[PDB]
Amino acid sequence: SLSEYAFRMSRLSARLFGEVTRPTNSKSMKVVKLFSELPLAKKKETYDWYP
Amino acid sequence: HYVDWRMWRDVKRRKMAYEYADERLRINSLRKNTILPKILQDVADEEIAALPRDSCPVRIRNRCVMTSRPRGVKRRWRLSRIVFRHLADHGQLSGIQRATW
Amino acid sequence: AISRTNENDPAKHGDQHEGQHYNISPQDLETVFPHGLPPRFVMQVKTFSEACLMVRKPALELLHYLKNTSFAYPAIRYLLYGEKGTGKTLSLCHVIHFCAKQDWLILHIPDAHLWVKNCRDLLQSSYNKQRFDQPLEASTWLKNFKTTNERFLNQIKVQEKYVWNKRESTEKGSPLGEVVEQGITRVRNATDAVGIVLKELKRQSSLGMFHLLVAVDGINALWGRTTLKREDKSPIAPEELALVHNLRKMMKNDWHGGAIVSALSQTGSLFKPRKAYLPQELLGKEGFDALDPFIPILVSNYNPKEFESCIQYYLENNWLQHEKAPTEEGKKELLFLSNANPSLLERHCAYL
Amino acid sequence: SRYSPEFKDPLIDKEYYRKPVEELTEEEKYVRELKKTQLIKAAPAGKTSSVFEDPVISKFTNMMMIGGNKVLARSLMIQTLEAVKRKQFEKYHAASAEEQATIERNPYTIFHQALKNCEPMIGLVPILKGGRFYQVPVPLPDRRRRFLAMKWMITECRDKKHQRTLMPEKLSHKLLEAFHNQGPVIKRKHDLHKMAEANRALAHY
Amino acid sequence: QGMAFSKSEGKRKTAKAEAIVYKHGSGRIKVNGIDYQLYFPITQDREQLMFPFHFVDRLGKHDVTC
Amino acid sequence: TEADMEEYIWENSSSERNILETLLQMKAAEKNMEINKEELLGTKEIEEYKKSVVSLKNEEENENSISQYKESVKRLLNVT
Ligand SMILES: Nc1ncnc2c1ncn2[C@@H]1O[C@H](COP(=O)(O)OP(=O)(O)OP(=O)(O)O)[C@@H](O)[C@H]1O
Ligand SMILES: Nc1nc2c(ncn2[C@@H]2O[C@H](COP(=O)(O)OP(=O)(O)O)[C@@H](O)[C@H]2O)c(=O)[nH]1
Ligand SMILES: [Mg+2]
Ligand SMILES: [Mg+2]
Numbered sequence: 003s004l005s006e007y008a009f010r011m012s013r014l015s016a017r018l019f020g021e022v023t024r025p026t027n028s029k030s031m032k033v034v035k036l037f038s039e040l041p042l043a044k045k046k047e048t049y050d051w052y053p
Numbered sequence: 028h029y030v031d032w033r034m035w036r037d038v039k040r041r042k043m044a045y046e047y048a049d050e051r052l053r054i055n056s057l058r059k060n061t062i063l064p065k066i067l068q069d070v071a072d073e074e075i076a077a078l079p080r081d082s083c084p085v086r087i088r089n090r091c092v093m094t095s096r097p098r099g100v101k102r103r104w105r106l107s108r109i110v111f112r113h114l115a116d117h118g119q120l121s122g123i124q125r126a127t128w
Numbered sequence: 047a048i049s050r051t052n053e054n055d056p057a058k059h060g061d062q063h064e065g066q067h068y069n070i071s072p073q074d075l076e077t078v079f080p081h082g083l084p085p086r087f088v089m090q091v092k093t094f095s096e097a098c099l100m101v102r103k104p105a106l107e108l109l110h111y112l113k114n115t116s117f118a119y120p121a122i123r124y125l126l127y128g129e130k131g132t133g134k135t136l137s138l139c140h141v142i143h144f145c146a147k148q149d150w151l152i153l154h155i156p157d158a159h160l161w162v163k164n165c166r167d168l169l170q171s172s173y174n175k176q177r178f179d180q181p182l183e184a185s186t187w188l189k190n191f192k193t194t195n196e197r198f199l200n201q202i203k204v205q206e207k208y209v210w211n212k213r214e215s216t217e218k219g220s221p222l223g224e225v226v227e228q229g230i231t232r233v234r235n236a237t238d239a240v241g242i243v244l245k246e247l248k249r250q251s252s253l254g255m256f257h258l259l260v261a262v263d264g265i266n267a268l269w270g271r272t273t274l275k276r277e278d279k280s281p282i283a284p285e286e287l288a289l290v291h292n293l294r295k296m297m298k299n300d301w302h303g304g305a306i307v308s309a310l311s312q313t314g315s316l317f318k319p320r321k322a323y324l325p326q327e328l329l330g331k332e333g334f335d336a337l338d339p340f341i342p343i344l345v346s347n348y349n350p351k352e353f354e355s356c357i358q359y360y361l362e363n364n365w366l367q368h369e370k371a372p373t374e375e376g377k378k379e380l381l382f383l384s385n386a387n388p389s390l391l392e393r394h395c396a397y398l
Numbered sequence: 035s036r037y038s039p040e041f042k043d044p045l046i047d048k049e050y051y052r053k054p055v056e057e058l059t060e061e062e063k064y065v066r067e068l069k070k071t072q073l074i075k076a077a078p079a080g081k082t083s084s085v086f087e088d089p090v091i092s093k094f095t096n097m098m099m100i101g102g103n104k105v106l107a108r109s110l111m112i113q114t115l116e117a118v119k120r121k122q123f124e125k126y127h128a129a130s131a132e133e134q135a136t137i138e139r140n141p142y143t144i145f146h147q148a149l150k151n152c153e154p155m156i157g158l159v160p161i162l163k164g165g166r167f168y169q170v171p172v173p174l175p176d177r178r179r180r181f182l183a184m185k186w187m188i189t190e191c192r193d194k195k196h197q198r199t200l201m202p203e204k205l206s207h208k209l210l211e212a213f214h215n216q217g218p219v220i221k222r223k224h225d226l227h228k229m230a231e232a233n234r235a236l237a238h239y
Numbered sequence: 265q266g267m268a269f270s271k272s273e274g275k276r277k278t279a280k281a282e283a284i285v286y287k288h289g290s291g292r293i294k295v296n297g298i299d300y301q302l303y304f305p306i307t308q309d310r311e312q313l314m315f316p317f318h319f320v321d322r323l324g325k326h327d328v329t330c
Numbered sequence: 244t245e246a247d248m249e250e251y252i253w254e255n256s257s258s259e260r261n262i263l264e265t266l267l268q269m270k271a272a273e274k275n276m277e278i279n280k281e282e283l284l285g286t287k288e289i290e291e292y293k294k295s296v297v298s299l300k301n302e303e304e305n306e307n308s309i310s311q312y313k314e315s316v317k318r319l320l321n322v323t
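Protein chains in written order, with UniProt numbering: chain A, 3 to 53; chain B, 28 to 128; chain C, 47 to 398; chain D, 35 to 239; chain E, 265 to 330; chain F, 244 to 323.
So here's chain A without its partners, still in its complex pose:
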């Protein structure tokens, strides 16, 4: 639903701002989320829950 100009201007902003550049579905975008944060088990509240 974007013009060629808008589609290529959005793809250029993604390159500059370090976003995903290839067309990626929502399912595959979970890979980005998984590596953008620490896993729950690696959070200090989790492994240092108990004294």
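If you're looking for bench data, these hints aren't it; they were derived computationally from the structure. For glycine and all other residues, C-beta sits at the position ideal for the given N, C-alpha and C.
Now the in silico label distances, taken between C-beta atoms and shown as ranges:
1) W32(B) - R17(A): 51 to 57 Å
2) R260(F) - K104(D): 53 to 59 Å
3) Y286(E) - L18(A): 53 to 59 Å
4) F37(A) - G99(B): 34 to 40 Å
5) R234(C) - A281(E): 58 to 64 Å
A few chain B residues that don't get close to chain A, going by computed Cβ distances all over 10 Å:
6) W32
7) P64
8) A71
9) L78
10) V110
11) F111
12) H117
13) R125
14) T127
Think about it this way: if two alpha-carbon atoms lie no more than 30 Å apart in a straight line, the pair counts; the simulated DSSO-like pairs of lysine-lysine are:
15) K270(F) - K113(C)
16) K370(C) - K53(D)
17) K300(F) - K295(C)
18) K48(D) - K280(E)
19) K294(E) - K370(C)
20) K293(F) - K298(C)
21) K321(C) - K294(F)
22) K287(E) - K370(C)
23) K280(F) - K331(C)
24) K293(F) - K321(C)
Following the hints, position chains B, C, D, E and F with the ligands against chain A.
Only chains B, C, D, E and F with the ligands this time, still in chain A's reference frame:
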């Protein structure tokens, strides 16, 4: 010296879940996309299913750190409702008071 | 009769008649206005046993332009706009009455929002498989078009051969009434009959046969959005409707021999907020570009003179029954609550 | 209540205040100097000084209101008053010059008289005696009679016997019926009176 | 411009209003820059705005921007 | 494209195309053969119409802008 055997099992689950977190994260990444071949994702399914059961983070339970009560726990202080109230009602929890409005 | 005028010819109305109510004969209500009058104003005609329209500066301004129309130049688009209930529809009707009594051919669309919403039978078209027909909406209009223009539907004759089916066809030179009767009798051909009517009137007015008035109330419907859905529950666009595709052509100034007078309405519109009234806000970008260049005429609330004559017209019909309504203290409250808005005043007075 | 007992109800009456001082009595002069020292509650959103304010219709509107939907309740009220007025203008134009004099076209006069024709003078109370229930007739206070007239009218219009008829048409039709001492609500008044006559011998309980 | 006016405030439930009443005017009321009948399409809300001016017989005598 | 532009430009727009097509029909009705584009779009009346459409398109619409647009259209269409 933990409160009970159930707290001791969760301590071990938290220790093993921490040790396998990176390995599980990497294998899961292979399963959580539509980019890689199914033949490769089917193998990753078997690999993460073969890891020790207590490496799975959903088996960790937030128990009261002083009484091991498995429910009625306030996450911010990691205490059961009973233990929290005991400290709060004696003025030992900074800034916490009874609420009237 | 301080609120009435004896001049019932809309061609002779002037600034001296501002604020005064002129009477539309029952014969002209049946012929000129089988449709188009506001529903509540229709209720007032049945209740008062008479139809009386205030003469206001919006219609007088517009009647001045139509009387000076140069029928050789391309048709001019006039757009009545204003806040909700300010009298846009009844200003259009005052202008339709003027042209109807000057022997103009009247193409009156009483509400174009009805062609983009709540369509039970949206059939696929046969003339063009990419468009949808609307037999009920089209046949309804054709009956009213026939009533208004029945004296001209025999003199006007088609200039082409139109094929309805394998067996049936309308040959060249047949009265235009035959095209109007095919659509009414056979609703499957109603949407195509409307398209042929708009096609021939636009063509034959530019030849000098007659003067044509195109009157579309709710014109902002044509270039907006619809609430009609396809069998796959996908939204339909107004251009894909045959009625809207063809009416959009009557709004172009590519013909001469008449005028195009339309009115904006937020009431009954789709995807427009309550307080939207200005041309671009209601027409959109596609709509403003389709009508530009056009002459926008503002319709506003009653001025002090118009307000008092409106109250007097209600008091002269005994419509205000509360014992305090005729008092000066009652009229000040009726002015504050309406804020001089004609529609709000009529609704407040309706139950007093 | 968030008002202390010290707060007095507001008196919304323009005439009460413009009344000259000379006309005032020594008692009425004291009441006016007293209120200047009293706390007054904020005027509710319901009532104003408007000349078109009618406390009876405002009360009927509240007894029709469902779930705090005053906008809808009031819309139904004004639609009923408009429907009554249009029905009378239709009866008026269709009548002869002689009958026209007797035809009422004011919906407020019809509404008030329609309710006054439904007010029950006397009512019954379910009394218990020896493990058995017997109703006892009793006079009705003015408040109760007016309330019952409005409750019977609203109840009748909400009856399921009416199929797909909108409330402004049902209520307008019942008001004009009661205005002419006819209808189900008028029958309910007559039945209550007739029952209160058959239990006159039970007035000593 | 030298036009006399007064300013005050009011609170009802969680609503807070600030009104500027001009000594002289024609009865115009603007609510957040909007005509009161466009801002308050409900007839009861407009009656509330009428109540203060009507009670003192000053309808059509002041301009308000609130 | 035009949809990508964030500032309206009157030149080479539907407005310029529509007004020019209208003025040509008017010249033809007068049986005048001065059909030069540069001359038709060089008058002062077109400059007011251009200034009015741009204001309607790039600024907030209001009753005063609609009135300025109205008076510009009436002069071009010879509506008095
Ligand atoms: N010229 C008039 N003569 C008599 N009554 C009028 C006139 N103009 C307005 N009214 C009253 O105001 C009501 C609303 O008028 P109308 O339907 O023309 O308004 P509108 O601006 O077209 O409305 P909308 O914004 O809903 O499209 C009418 O039903 C009538 O009671
Ligand atoms: N059934 C039928 N409809 C016709 C015929 N010719 C024209 N029409 C209708 O008249 C409308 C206007 O005609 P035209 O300008 O040819 O339409 P267009 O080709 O869609 O631009 C069409 O959209 C049709 O609905 C015909 O021969 N048969
Ligand atoms: Mg759990
Ligand atoms: Mg209208």
